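Presented below, as structure tokens, is a lone chain in the form deposited in one PDB entry.
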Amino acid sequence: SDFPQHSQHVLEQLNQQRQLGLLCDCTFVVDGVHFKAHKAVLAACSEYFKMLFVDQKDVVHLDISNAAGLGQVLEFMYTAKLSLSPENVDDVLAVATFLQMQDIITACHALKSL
């Protein structure tokens, strides 16, 4: 495979690892929900997570997290897809905002404009 195919393969393996809860290296506990993930992927997809995990910066802003929003943010990171609904959009928007994730922010505003 060349870079496109080879990269898709790696990310799908990482997504499988996450879904299975195996070969993950970080767990977030929020609102009673445990989310397993890879710090490297989170830092690849969010400047907030990059500076948190690398530079130990702005840790307390994590209390903006909610399960609905973080759930969606993680799905997006690993699959490039969201399932937004009128019910979760504001929660997702709040999380995506502090995570500085523009494509999710845009998707949230896109749904709200309907």
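Take the two forms, superpose them, and find the largest set of C-alpha atoms that agree within 1.5 Å; that set is the rigid core. Positions refer to the first chain, counted from 1. First, how it differs from the form deposited in another entry.
- Relative to the superposed core, residue 56 undergoes a C-alpha shift of no less than 2 Å between these two forms.
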Contents of the next structure:
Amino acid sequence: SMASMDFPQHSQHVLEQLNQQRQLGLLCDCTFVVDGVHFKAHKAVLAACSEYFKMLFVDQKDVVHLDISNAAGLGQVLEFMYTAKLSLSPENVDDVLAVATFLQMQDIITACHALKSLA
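Coords for the form deposited in another entry, given the form deposited in one PDB entry:
Chain only, nothing else included.
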């Protein structure tokens, strides 16, 4: 008859599929090139994780030109977007914090602040 059902592992499963598409460049409408290093991603996932990309792809206005401080910092930001996990080291936290601050991703900023305070 009538019933409602919830699949708690569905969000993580879709994100893992979105990650595998990105690692293989499948259905990717966005490609970043930072000094030879390339990064393919989905514009819908970028706008879902970063308010900067939201105002760049959706609102199309009132956005400062893209500025990526470190290529390795951008890879960790995209890795967090598609895996919800972010590896942080005392030799890369500042580079990840630079890209995250420009992209207005307070979740990574809080994660970077957690490592410098809770080493």
